[PDB]
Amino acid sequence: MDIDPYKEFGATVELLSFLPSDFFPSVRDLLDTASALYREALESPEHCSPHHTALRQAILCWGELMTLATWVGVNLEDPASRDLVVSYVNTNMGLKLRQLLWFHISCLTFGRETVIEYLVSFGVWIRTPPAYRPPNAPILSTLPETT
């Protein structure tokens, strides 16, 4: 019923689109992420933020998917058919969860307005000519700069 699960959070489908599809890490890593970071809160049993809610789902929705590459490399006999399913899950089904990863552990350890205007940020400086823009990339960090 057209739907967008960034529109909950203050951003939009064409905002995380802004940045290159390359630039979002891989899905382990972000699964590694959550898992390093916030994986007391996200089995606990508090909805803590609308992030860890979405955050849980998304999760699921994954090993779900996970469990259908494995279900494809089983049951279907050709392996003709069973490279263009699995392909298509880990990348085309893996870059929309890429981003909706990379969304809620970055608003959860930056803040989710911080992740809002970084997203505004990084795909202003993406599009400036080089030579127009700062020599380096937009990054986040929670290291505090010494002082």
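Residue numbers count along the first chain shown, from 1. Definition used throughout: the rigid core is the maximal C-alpha set that superposes within 1.5 Å between two forms. What changes on going to the form deposited in another entry:
Annotation: Cα of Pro130 displaced by at least 2 Å between these two forms, core superposition.
Once you line up the core between these two forms, the Cα of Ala36 stays within less than 2 Å of where it was. In the core-superposed comparison between these two forms, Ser81 has its Cα shifted by at least 2 Å.
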The other form holds:
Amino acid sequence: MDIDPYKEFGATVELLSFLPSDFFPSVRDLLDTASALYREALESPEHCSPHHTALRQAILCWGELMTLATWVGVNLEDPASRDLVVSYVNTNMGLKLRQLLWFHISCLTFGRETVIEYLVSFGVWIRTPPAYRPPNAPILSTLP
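Given the form deposited in one PDB entry above, what does the protein look like in the form deposited in another entry?
One chain, no partners, no other molecules: that is all that follows.
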């Protein structure tokens, strides 16, 4: 099928392409954020939110992928092979999981509408040529 994991949440894979690949934090950083803020809800027996559901599934997907790649490397012989293997992973699958984790953790921390408006505004900012681009990029905050 051709499923978009975001249009169920009011976005698309092309609205999140407004943000470059350089923008998304590491999976370690995002998993730490989750474990810090929504651990007792992700480990809960409740349908607390579609965002929680999707975050659980994404974490399990990252687990499966890491396990596969690690077993591959451990069973593979050459080191450079392993190196560009994990490079391809971090480039293709890690990026998608980063986008997903960011989207969901931000929709939990700030709000779905807030995050979508942030995406629009950051697209404005990053389309704006640098000569006319302010330095104070848009950012998500519960503060002034």
